[PDB]
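Chemist: Next come the chains, spelled out residue by residue.
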Amino acid sequence: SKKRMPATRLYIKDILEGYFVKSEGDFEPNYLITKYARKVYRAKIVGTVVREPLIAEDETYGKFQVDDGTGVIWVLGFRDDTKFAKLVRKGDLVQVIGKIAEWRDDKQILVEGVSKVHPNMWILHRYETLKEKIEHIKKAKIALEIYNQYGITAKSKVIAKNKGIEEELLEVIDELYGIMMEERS
Amino acid sequence: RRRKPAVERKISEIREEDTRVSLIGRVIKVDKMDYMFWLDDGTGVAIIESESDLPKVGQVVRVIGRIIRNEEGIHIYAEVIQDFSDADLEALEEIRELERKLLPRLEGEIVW
Amino acid sequence: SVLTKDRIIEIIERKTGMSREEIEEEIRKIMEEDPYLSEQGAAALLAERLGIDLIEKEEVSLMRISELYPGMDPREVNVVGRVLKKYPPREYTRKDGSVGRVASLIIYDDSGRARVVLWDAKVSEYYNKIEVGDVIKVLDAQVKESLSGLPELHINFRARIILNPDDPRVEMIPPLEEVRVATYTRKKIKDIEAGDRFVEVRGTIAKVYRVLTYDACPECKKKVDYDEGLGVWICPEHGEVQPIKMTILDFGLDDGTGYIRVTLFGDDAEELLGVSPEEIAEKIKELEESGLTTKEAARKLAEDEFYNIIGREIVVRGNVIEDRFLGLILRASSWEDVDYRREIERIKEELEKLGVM
Ligand SMILES: [Zn+2]
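Chains as they are written, first to last, in the UniProt record's numbering: chain A, 5 to 189; chain B, 6 to 117; chain C, 2 to 358.
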């Protein structure tokens, strides 16, 4: 019953280029679906802090800019989560994990943890991020062919099971198609 | 208009269109009077004008900064200088080649 | 129901090693003395003279050591295991002045290992007779669980032990010669199940639950229990000992494929936090005085002082146990820094499977 979704290791560019879906239901969290149909709940980025953190006088909010090469994202913490902005400085190589949030139609990360990492960890991060992107795109390429031929039907769910494809992946492609059709109009 | 990302490039691969670059190399000479240090990554040598933080000669560092293109020449105004002495440069070069060949291919695979 | 004529012959063949023709001659000799006996009854009388007729004392079961769970009904406990280790017996002075005894025996089967804790008279009754290699039968013991994820069979006044029993599971236990030290196996959190042992998981800290200290043995670094009826802290391996402080670190790990609660112990937890356990105990005391409970103080200290460890990639190694209220807990005995060069090679192998290299 109590399930925690795992953080997906992604590039900053993929998070910025994705589509934020704010869940209206109380028992549903906010998720971002990237251009390659990847339903991501928590973000896991590794980059360099380009500017000195902005800490308020009354310690109500703390924000800092993170740059991994692909993009620059904002990392925010409020009230007690301001302690995360104090740990970092301008020039630190850190790993940030948190929930994806959208403020004024701009993507940003609500910090849950941030810590300094070794330069070899940044190399490792690029290896894992590239690897997971290859794995997901190859699975979604086959699932795209099943969705373009049958759609979301009882017959298509059996064919996807035989090809090593999860049922949720087909529903994410349909959700992405609906978002893209709204943008065309 | 969002702040431009540090385009990770080599010293030989510096395109005129680049504004902010990520150069990873070894320091070969340090001038404390003019606050500038020479960086060598294996493809070329560039002058790095630092604000106040001056690294040691021989220390491998990662420098993120703005390209200063003027009548004086082409140098890098340092903003961030990280310690890459304990970094596996062979692994860094291997993932650079993997990203150069796979990332542009993966970008256009799922586009509708 | 009583055993059949052929079943008695089969048990006499196994317990005496005599041939079926030899047993049939001895049954005929008994029926010659008393012709009023049946072919089944003569075999029963033959077994009684041999000393095998105590066949009605059959307590056979198929319970493995892995199936033992803390807080179980002692009556349900019926496991068998060969003695691998024998620890020296220790003594403790009770409240009434009497000196009690306690001895630990590490046993094992084809599934896992367990710690047998002998208490008072059970030490002089069994320990002297028990040798390394003998298979014992643990019955009616109280099952507890150590912090490392190892089950404990506490042999009290209700518990019984059978030296070398006639049980079918005894043949399935591998010999002492074949027993090797199990190394840690790499496994993703997505594939982690309850009851897994010796698992190496590489992940990132996503949240810190509690930071608190526990009283432990100053020699083996194991949790000591406070006996209120005696007034002493008794280690289930070194008897009456003076307890020392050791750190417990509850946090969450995230490898991209799953999430799991991890718990750290003593010297390994102090290494990750950077604060000594004596200083952590003092910080907990200060929060308890302010009106917070033991669990509230541990949760507050973790979020207000040890929030910096969240986001660091670390490697943990331990057993996965299933708590009745906290779900899956990977009780990591040891932790180490990520070998980046080794972790890159694991990725390269998976890239070759996809068709990248
Ligand atoms: Zn002890």
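It should be emphasised that the hints constitute simulated quantities derived from the structure, not laboratory data.
You may find that some hints are simply not true.
Claimed, not checked - Taking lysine-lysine pairs in the PhoX-like style, the calculated list, with each CA pair at most 20 Å apart, reads:
#	chain 1	residue 1	chain 2	residue 2
1	A	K142	C	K349
2	A	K6	C	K224
3	C	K301	A	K87
4	C	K208	A	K7
5	C	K208	A	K103
6	B	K106	C	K191
7	C	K284	C	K301
To be verified - Label-pair ranges, simulated between beta-carbon atoms:
#	chain 1	residue 1	chain 2	residue 2	range
8	A	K90	C	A195	52 to 62 Å
9	A	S5	C	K188	17 to 27 Å
10	A	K120	B	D39	44 to 54 Å
To be verified - Derived, one-sided and incomplete: chain B residues facing chain A with beta-carbon distance under 7 Å:
#	residue
11	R8
12	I100
13	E104
Think of the CB as a built atom: it goes at the ideal place given N, C-alpha and C, for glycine as much as any other residue.
Chemist: All hints are to be evaluated individually against the structure, with a verdict given for each.
Modeler: Each hint, compared with the structure:
1. Simply put, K142 (chain A) and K349 (chain C) have alpha-carbon atoms about 17 Å apart, close enough for the 20 Å limit, and the pair holds.
2. Restraint check for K6 (chain A) and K224 (chain C): the C-alpha separation of about 30 Å exceeds 20 Å, so the hint is violated.
3. For the given pair, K301 (chain C) sits about 14 Å from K87 (chain A) by alpha-carbon distance, which is consistent with the 20 Å threshold.
4. Using a Cα cut-off of 20 Å, the hinted pair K208 (chain C) and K7 (chain A) holds, with the two alpha carbons roughly 15 Å apart.
5. Note on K208 (chain C) and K103 (chain A): the hinted pairing holds, with a Cα-Cα distance of about 13 Å set against a maximum of 20 Å.
6. Taken as a hint, the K106 (chain B) and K191 (chain C) pair is broken in the structure, with Cα atoms around 30 Å apart against an allowance of 20 Å.
7. As the CA atoms of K284 (chain C) and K301 (chain C) are separated by approximately 10 Å, the hinted pair is consistent with the 20 Å bound.
8. Evaluation of the 52 to 62 Å hint for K90 (chain A) and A195 (chain C) yields a failure: the beta carbon distance comes to about 39 Å.
9. The hinted window of 17 to 27 Å between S5 (chain A) and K188 (chain C) holds, with their beta carbons roughly 25 Å apart.
10. For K120 (chain A) and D39 (chain B), the Cβ-Cβ distance of about 31 Å falls outside the hinted range of 44 to 54 Å, so the restraint is violated.
11. About 5 Å separates the beta-carbon of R8 (chain B) from the nearest beta-carbon of chain A, less than 7 Å, and the hint is met.
12. Annotation: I100 (chain B) was flagged as interfacial toward chain A, and the flag holds, the nearest CB pair being 5 Å apart, inside 7 Å.
13. The beta carbon of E104 (chain B) comes within 6 Å of a beta carbon in chain A, closer than 7 Å, and the hint placing it at the interface holds.
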